[PDB]
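K.L.:
For reference, the chains in residue letters:
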Amino acid sequence: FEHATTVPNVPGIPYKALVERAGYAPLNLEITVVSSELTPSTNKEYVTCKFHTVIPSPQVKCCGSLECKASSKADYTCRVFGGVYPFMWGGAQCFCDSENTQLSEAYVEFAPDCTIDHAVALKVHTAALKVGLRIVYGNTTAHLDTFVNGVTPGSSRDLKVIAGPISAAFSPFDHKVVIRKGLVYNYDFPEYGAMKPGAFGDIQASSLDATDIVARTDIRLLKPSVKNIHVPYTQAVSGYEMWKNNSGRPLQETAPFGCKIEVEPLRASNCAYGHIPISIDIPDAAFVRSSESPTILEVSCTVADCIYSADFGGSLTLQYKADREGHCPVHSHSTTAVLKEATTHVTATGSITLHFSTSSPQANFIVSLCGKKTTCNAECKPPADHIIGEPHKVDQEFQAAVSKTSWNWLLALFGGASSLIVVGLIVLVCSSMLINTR
Amino acid sequence: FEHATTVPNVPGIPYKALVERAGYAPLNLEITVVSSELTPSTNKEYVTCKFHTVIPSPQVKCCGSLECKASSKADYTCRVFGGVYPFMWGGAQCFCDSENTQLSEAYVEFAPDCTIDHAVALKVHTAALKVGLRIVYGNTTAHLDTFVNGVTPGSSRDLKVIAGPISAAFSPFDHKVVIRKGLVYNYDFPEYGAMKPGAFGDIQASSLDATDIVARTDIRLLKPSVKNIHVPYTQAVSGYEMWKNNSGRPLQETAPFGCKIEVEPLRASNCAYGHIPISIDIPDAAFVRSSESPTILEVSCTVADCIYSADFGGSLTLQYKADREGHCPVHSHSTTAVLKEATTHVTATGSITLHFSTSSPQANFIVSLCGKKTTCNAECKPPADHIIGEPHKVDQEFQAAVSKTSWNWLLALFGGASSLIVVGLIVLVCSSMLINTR
Amino acid sequence: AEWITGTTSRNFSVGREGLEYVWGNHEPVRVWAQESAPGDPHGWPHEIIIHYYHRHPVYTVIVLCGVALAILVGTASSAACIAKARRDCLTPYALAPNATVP
Ligand SMILES: *[C@@H]1O[C@H](CO)[C@@H](O)[C@H](O)[C@H]1NC(C)=O
Ligand SMILES: *[C@@H]1O[C@H](CO)[C@@H](O)[C@H](O)[C@H]1NC(C)=O
Ligand SMILES: *[C@@H]1O[C@H](CO)[C@@H](O)[C@H](O)[C@H]1NC(C)=O
Ligand SMILES: *[C@@H]1O[C@H](CO)[C@@H](O)[C@H](O)[C@H]1NC(C)=O
Ligand SMILES: *[C@@H]1O[C@H](CO)[C@@H](O)[C@H](O)[C@H]1NC(C)=O
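Chains as they are written, first to last, in the authors' numbering: chain A, 1 to 438; chain D, 1 to 438; chain B, 308 to 409.
In case anyone wonders, no lab produced these hints; they're calculated from the structure. For every residue, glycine included, the Cβ atom is placed at its ideal position computed from N, Cα and C. Fair warning: there could be bad hints in the mix.
[To be verified] Counterexamples of contact, computed for chain A against chain D with all Cβ distances above 12 Å: (1) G64; (2) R79; (3) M242; (4) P382.
[To be verified] Have a look at the derived ranges for each label pair, beta carbon to beta carbon: (5) D:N139 <-> A:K61: 18 to 24 Å; (6) B:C372 <-> D:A128: 55 to 61 Å; (7) D:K44 <-> B:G331: 44 to 50 Å; (8) A:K373 <-> D:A128: 30 to 36 Å; (9) D:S315 <-> A:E67: 51 to 57 Å; (10) A:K181 <-> D:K44: 31 to 37 Å; (11) B:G331 <-> D:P277: 54 to 60 Å; (12) D:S431 <-> A:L428: 53 to 59 Å; (13) A:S155 <-> B:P352: 53 to 59 Å; (14) D:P256 <-> A:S155: 36 to 42 Å; (15) D:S279 <-> A:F87: 41 to 47 Å; (16) A:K373 <-> D:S57: 55 to 61 Å; (17) A:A304 <-> B:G331: 39 to 45 Å.
Using the sequences and the hints, build the whole thing.
P.N.:
So, in structure tokens, the structure goes:
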């Protein structure tokens with residue numbers, strides 16, 4: 001039986017319904033979203049960390065001159081000085097008075113500790129929601145891992161579940177993200193080959209062990225004005241460290257809809273944002289005929305101590321007489337009040353108690369037991385506990401959040417205004433027939 | 001110098017233009033799209049082929065029972081038959097007359113020759129166009145391989161090129177494609193897990209060597225009613241063979257815009273659909289100042305034997321009286337006429353000849369030599385050859401494809417109509433003058 | 308996000324959607340606010356007014372504004388209609404002074 005409904009994307013909060021095929025008994029069906037998985041498609045751009053700015057030994061040729069060719073080393077910087085006179089331990093280093101050429105040499109590489117303290121720049125795209133579904137029907141359970149794209153079935157064979165496209169696309173990640181040590185940030189990093197000195201992404205490479213390392217850290221080799229051999233250098237501060245200053249806070253503490261970010265496939269887990277249309281093809285083996293199901297001769301619900309809150313606050317007891325002892329689906333036919341129990345055991349006569357959670361000040365709703373329809377009416381008190389540690393099972397509605405007493409007051413005032421309108425037009429029509437007489 | 005223009009996507013067919021700086025000589029520049037590569041991002045759903053439908057050896061138990069548990073093998077089907085009495089070459093096979101049982105087992109695996117004859121189901125997305133360009137500017141040549149997205153730059157020595165987003169996105173691949181032996185088909189295959197027996201996708205797996213194979217072939221095990229030990233089974237035919245029946249024609253012989261489909265990254269090559277806006281950072285060393293540019297005192301063209309075909313039909317001779325001998329760009333400023341030669345050798349006073357191709361029946365266009373402008377007009381006959389082995393270098397325009405004598409006739413009739421309307425308004429003004437006079 | 312030293316209390320607003328607070332290295336704690344406004348939805352009208360004012364302020368202001376506008380327009384238009392009909396009954400008798408009214 002193909003049954004189509006809409007479940008919320010909230011983890012937990014079982015969504016209960018009846019599938020009512022005509023010739024067969026009503027069958028319970030609840031779907032629970034155990035987990036959710038926003039996994040965007042990520043493209044790796046580069047890896048950055050703190051650079052090492054290694055400076056090789058100064059190369060001097062005296063009574064001579066030097067020039068360097070271009071090198072593939074990251075942030076290559078040569079400079080030639082023609083008036084040096086180096087003084088290591090033991091006097092002058094060579095044999096010419098004034099004309100002496102020194103090659104100041106500078107380039108950057110990855111630090112030895114970048115195998116851990118590194119940041120990966122990623123570009124993401126649209127994310128696909130994968131939801132784990134606990135679906136129970138009759139006395140049978142099923143655990144599925146479905147995709148919300150709207151065409152891919154679940155991974156359980158026998159129960160075919162199509163999870164339709166979700167109403168709103170969330171995508172907590174911006175188009176560019178940065179991953180460092182399990183923490184994810186929405187940072188607009190520079191593109192590959194588009195570095196800026198002093199900012200994030202001074203040094204870039206496709207891997208830690210890659211030799212194609214690029215950088216444009218602003219290093220300037222100053223003229224050696226001291227006796228001793230030296231390569232004076234002025235360099236920009238590490239932009240990875242400067243980003244560690246002003247990284248802000250990660251998406252584990254910033255992301256909307258209260259869902260947590262993980263980094264091994266970079267997924268957003270348990271985002272409760274939208275509504276998932278769902279269609280289930282329940283096999284005919286689950287359905288039993290109406291003959292084998294017990295039938296209810298008489299049912300009446302009396303509800304005591306109802307309270308509209310997140311918890312199942314309120315106890316309605318069904319007093320029932322039925323011919324055959326057996327098991328019976330029980331359901332609430334209102335989108336505002338949901339029952340805790342889906343099935344009960346019915347004897348020849350007696351009463352069963354049931355717990356429900358509602359979001360309306362009035363408990364007027366239809367409860368079904370082995371089919372059937374009974375109507376329950378009560379005034380539900382506001383909660384005394386201000387804040388609860390579990391979420392609301394149901395959503396508020398405008399027609400239900402307004403109580404029956406308030407509805408009577410507003411309709412009495414509006415009907416009074418309308419009655420004055422009607423009597424005004426009636427006396428105007430009487431004046432019209434009087435001026436027709438005149 | 002950032003120069004922005006628009007190039008057709010037709011492979012070959014050079015598009016020529018002049019970069020005319022104020023303080024420098026005119027510079028020729030032509031773009032040729034040597035090759036294009038329209039590669040979509042492919043997501044692999046599953047692989048499929050024929051199935052072997054292997055049947056294990058029957059397991060019998062006499063004076064016993066055999067219940068069989070579930071198996072992870074693809075399309076597992078197990079049946080228990082409790083009245084068997086099997087025979088082999090040697091007679092009766094067990095020791096109980098009627099209380100026997102047989103476990104008929106049948107599952108589905110890949111055929112041995114699926115390493116070649118297999119179909120990969122792919123879900124493609126929007127396709128990024130990568131174009132290879134032969135640019136020439138001044139007297140130098142260069143080659144480019146740049147994207148069309150309009151953000152990343154194509155770099156070649158001292159050339160930075162931004163190829164803007166193309167006018168129309170084509171994407172010849174549908175959302176679902178199937179690749180078999182280098183042939184691509186636009187087929188709406190069932191999703192992963194949505195197996196339908198007797199259809200393409202009876203058997204599905206992530207890879208050919210994967211052990212997580214799924215299958216829903218309509219296989220049924222019958223009750224053995226023969227003396228021989230036998231598993232009577234009946235199965236739906238392979239949907240791979242059925243799709244080989246009704247594969248139709250592949251996308252290599254069906255895709256629009258005349259471009260070749262290749263399979264190893266699944267790209268489309270040489271697709272000529274939409275105009276590409278392009279911006280070029282021309283180096284300043286290519287230009288020369290107007291002091292070194294030989295100007296002409298008087299240019300004068302004349303066309304002879306003009307013909308509007310796809311080939312370079314029709315020749316025109318410039319008679320010129322320049323002040324210097326050198327090399328000079330020549331250009332046709334209309335979008336209907338295009339010149340074969342972008343350079344010529346200029347002398348003190350002489351006549352050069354050039355070949356042009358047009359799409360208009362008139363030869364009305366402005367030709368330029370070392371700057372300068374001249375317009376020479378004569379009559380172009382229609383071609384005699386009905387087809388030709390080369391594409392047209394230009395595109396028809398409504399303002400140009402209508403012949404000058406036909407503009408003369410249409411404008412003569414329209415001007416006659418407008419002249420009679422003017423006469424009517426004139427005599428209406430005269431009537432107004434008379435009724436003011438009375 | 309706040310770095311806290313000493314014994315100082317912080318107030319945080321909790322809605323129906325919820326609020327998650329992490330304090331130190333402890334696991335996140337999730338809370339949800341229930342609609343527990345002062346007053347009584349089943350009682351005298353004023354208690355309903357305070358209840359739905361503390362729950363949805365702008366909504367109850369526009370609802371009572373609509374009620375006040377509706378009753379004002381209804382009474383004003385009814386009074387105008389009765390006055391017009393009373394004039395239409397009187398002025399036939401007002402133009403004739405010596406006539407005897409029924
Ligand atoms: C489901 O199984 C339970 C096991 O106790 C049984 O009581 C119940 O009747 C079954 N449901 C149906 C609809 O047969
Ligand atoms: C690093 O970042 C912190 C965090 O804002 C900032 O206050 C500080 O000035 C920065 N520098 C140092 C040297 O701590
Ligand atoms: C451009 O280079 C070619 C290559 O030989 C040469 O023939 C031509 O004269 C050059 N053009 C100019 C304007 O010097
Ligand atoms: C296989 O495909 C062809 C092509 O349409 C079809 O005509 C034919 O009937 C099919 N079957 C066989 C057995 O050839
Ligand atoms: C926090 O809320 C309480 C609740 O009554 C209030 O009395 C108190 O003034 C508030 N404190 C601050 C600092 O806002």
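K.L.:
Does each hint hold? Answer for all of them.
P.N.:
We went through each hint and held it up to the structure:
| no. | hint | result |
| --- | --- | --- |
| 1 | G64 | holds, 33 Å |
| 2 | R79 | holds, 25 Å |
| 3 | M242 | holds, 26 Å |
| 4 | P382 | holds, 47 Å |
| 5 | D:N139 <-> A:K61: 18 to 24 Å | violated, 42 Å |
| 6 | B:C372 <-> D:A128: 55 to 61 Å | holds, 56 Å |
| 7 | D:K44 <-> B:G331: 44 to 50 Å | holds, 46 Å |
| 8 | A:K373 <-> D:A128: 30 to 36 Å | violated, 59 Å |
| 9 | D:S315 <-> A:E67: 51 to 57 Å | holds, 55 Å |
| 10 | A:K181 <-> D:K44: 31 to 37 Å | holds, 32 Å |
| 11 | B:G331 <-> D:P277: 54 to 60 Å | holds, 56 Å |
| 12 | D:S431 <-> A:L428: 53 to 59 Å | holds, 58 Å |
| 13 | A:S155 <-> B:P352: 53 to 59 Å | holds, 56 Å |
| 14 | D:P256 <-> A:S155: 36 to 42 Å | holds, 38 Å |
| 15 | D:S279 <-> A:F87: 41 to 47 Å | violated, 56 Å |
| 16 | A:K373 <-> D:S57: 55 to 61 Å | holds, 58 Å |
| 17 | A:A304 <-> B:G331: 39 to 45 Å | holds, 43 Å |
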